[PDB]
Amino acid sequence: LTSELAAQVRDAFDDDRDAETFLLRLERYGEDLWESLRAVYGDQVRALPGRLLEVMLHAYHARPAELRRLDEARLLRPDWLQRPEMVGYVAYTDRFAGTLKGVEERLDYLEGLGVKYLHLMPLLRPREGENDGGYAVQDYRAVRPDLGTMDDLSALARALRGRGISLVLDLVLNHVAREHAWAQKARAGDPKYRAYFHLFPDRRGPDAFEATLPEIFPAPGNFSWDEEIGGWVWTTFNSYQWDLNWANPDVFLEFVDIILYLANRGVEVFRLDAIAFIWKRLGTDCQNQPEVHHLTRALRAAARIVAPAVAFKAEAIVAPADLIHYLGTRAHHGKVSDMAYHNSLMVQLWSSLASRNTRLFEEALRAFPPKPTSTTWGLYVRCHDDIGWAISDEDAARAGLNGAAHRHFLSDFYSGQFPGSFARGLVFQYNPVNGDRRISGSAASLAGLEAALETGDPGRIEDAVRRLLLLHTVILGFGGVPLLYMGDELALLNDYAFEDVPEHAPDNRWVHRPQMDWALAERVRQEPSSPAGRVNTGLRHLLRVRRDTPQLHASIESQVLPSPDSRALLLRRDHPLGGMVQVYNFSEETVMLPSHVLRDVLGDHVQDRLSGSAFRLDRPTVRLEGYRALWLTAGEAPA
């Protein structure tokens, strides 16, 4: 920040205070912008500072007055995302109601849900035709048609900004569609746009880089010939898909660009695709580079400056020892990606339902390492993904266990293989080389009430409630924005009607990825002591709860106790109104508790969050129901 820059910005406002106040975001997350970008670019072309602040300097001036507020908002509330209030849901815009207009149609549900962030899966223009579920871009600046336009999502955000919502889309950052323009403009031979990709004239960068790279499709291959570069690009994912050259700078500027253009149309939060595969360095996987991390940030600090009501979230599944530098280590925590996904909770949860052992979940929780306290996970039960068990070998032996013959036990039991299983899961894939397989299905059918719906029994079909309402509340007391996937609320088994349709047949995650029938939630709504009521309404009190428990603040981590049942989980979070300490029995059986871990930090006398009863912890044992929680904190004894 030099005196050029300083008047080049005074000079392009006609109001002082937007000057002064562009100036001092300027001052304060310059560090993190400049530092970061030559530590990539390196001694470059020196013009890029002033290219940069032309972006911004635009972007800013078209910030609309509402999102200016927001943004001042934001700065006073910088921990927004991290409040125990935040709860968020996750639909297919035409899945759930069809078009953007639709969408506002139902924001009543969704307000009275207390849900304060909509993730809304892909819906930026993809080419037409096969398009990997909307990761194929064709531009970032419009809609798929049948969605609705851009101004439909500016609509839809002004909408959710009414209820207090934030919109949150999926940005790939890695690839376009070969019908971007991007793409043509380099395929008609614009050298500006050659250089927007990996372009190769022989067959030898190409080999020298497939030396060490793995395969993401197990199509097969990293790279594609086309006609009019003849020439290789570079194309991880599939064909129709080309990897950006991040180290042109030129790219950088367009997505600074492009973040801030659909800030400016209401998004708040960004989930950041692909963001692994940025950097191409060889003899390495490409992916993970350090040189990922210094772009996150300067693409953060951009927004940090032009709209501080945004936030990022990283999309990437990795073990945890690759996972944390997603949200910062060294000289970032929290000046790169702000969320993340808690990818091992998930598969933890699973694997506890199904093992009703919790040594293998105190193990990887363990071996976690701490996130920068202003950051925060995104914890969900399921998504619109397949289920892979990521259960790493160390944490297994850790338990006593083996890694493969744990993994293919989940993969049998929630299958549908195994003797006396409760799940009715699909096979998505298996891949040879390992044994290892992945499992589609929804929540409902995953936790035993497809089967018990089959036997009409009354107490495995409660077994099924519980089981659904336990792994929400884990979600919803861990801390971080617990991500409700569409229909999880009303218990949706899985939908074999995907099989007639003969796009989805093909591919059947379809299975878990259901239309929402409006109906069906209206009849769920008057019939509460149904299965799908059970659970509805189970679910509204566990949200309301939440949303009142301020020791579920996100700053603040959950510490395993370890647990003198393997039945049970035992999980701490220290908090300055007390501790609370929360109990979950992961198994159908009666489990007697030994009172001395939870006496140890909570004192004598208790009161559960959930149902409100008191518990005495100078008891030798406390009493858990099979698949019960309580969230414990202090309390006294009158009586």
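Residue numbers count along the first chain shown, from 1. Take the two forms, find the largest set of C-alpha atoms that superpose within 1.5 Å, and that set is the rigid core. Compared with the form deposited in another entry:
- No residue in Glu527, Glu111, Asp436, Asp565 other than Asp436 shows a CA shift of 2 angstroms or more between these two forms after fitting the rigid core.
- Annotation: Cα of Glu210 displaced by at least 2 Å between these two forms, core superposition.
- For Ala183, the Cα coordinates differ by 2 angstroms or more between these two forms after the core has been superposed.
- In the core-superposed comparison between these two forms, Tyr92 has its Cα shifted by less than 2 Å.
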Given for the second form:
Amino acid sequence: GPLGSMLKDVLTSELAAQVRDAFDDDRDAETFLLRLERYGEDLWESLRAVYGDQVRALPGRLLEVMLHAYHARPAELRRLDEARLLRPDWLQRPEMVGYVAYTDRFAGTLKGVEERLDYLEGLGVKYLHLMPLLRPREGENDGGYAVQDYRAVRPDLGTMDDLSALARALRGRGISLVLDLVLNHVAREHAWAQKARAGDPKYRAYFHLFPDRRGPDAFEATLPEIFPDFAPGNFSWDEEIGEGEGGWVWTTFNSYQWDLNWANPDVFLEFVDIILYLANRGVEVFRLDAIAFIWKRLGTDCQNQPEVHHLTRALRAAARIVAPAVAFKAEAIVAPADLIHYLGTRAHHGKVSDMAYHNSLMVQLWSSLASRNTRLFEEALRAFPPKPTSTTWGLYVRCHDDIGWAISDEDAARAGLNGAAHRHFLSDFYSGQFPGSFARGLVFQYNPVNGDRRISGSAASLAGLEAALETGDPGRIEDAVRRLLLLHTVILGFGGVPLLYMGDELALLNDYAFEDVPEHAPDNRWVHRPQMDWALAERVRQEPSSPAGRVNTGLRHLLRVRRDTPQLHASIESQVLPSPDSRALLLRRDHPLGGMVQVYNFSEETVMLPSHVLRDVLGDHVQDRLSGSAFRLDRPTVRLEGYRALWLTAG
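Switch over from the form deposited in one PDB entry to the form deposited in another entry, please.
Partners and other molecules have been left off, which leaves just the chain.
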């Protein structure tokens, strides 16, 4: 009513006054204010939902950080901001293609990356995700995920000026730089944590600290264990915490990764500042690492609490008021219905993030390759609510992490499977324990208490090439190559930005030499984080008939077809077309110029697919975009040899 109204009035005019006072140039003030009007309600309501009445003390400090970032934003990045506002579906274009790499493994240093831009460009890459490259702690550092200083580049990669000069050279090729925002935890060596241990109460309040086992024991009753092999539980003992003998600190991941206290608005402020600082160095997309973990609540698994989406929305709104070019990409492993909350709900609240990993597509790809059965695939896809049309999936076959078999009991039961049995089969199969498995993966984080296993291994070793090369059997080598190409066809055709993992285009195998690096030995994820093989890159260019060569040639052809296929616009979602044959997966994409049906054989066997399931959708005459040829769907069957993919449209 009036009392509440009047207070809100005073606040608005205080916000307006601080913005106008900050700009000598009135167009800038007007621009800032329009952005604040567009995103203000998402920013403040989200902040009040997490921080309650405290928020009222927040605007001056937060607007201070944003106003300065705005003044500090280079003219060329202001122009990028306008360009992105003019093309809001930029991530959704079929020409978009991503590439994911550790700087040091790909090209040694940031400047070395600049020397490989013709390689990325020759692949049609337009989105480059470099793995965490901020200064990490010395020694073991979870491959850069234990960050010591967010304002410096790891010194052996270069400097913040190299990062900025790299991003400028990327833009000159139409490539977007994409980096991790490691916002859930910092290295125990970060100055925040050093000061908490020295006793500074401002910085003790950045962490979740406990004098004894009571708090920790009470949380642990409902918490899972993420890295049982590295650091049991979710709390670590540290001698230097407090005045006396130490204390317990929350450490979800490694002991040297201290979870940040997101109930403290100072932490929110620090990360606004980090985001805007990195955006002004040229970062265009932020992958929100471990985003699900940022809110703790007693009695829950401390993942996916509602505050996570409020904080994410506020962080984004603050960022884009300053730098509208910036997009956010959530990585959260959660049930489909919940995953959609990381993107947006197309309701009275604003968008939460621009992209999210489609982890369930990745899991089903490997699951169906192992089982030769696509019914679980169909049911896992069918469980998703639709995303907002303006958001975009990131699709992948592999990445820097092990694979967890995130398959729901509910989807599995709809496909006539027991979930637990199927999940157990997938780890037996991909660790190579199941007889006749083609896969060569390593068990990661076996958990004795519950029997949970994840799998490490590169795409080529999981898909059969490492085993096929050992045998020297030409039929095994052929099938491994075809599986690798089928995997990459699905992520290229599914709708979303396909995120090629460095070297998958060369079919790189497990790197068992990680055991010989003490910093890596305990963590077998490093098996699928190889050095780039540039000699191999040159050999496949000159000799395309080898198995690496055929994966390379094949992937490059698929990339060219993807970019010329308008039906792949990511505003449209693939829908399951129920298959009459359990070896095949049929996906339909409706599009203004005519539908597409993508057809995939997940078996080494020749499937004679009954034609009517396709004819009913596309009519009697179709073209396959992938081979260029025709099919007549008036014949009774369509012949799909092992691992065949088709992208059919009418004609």
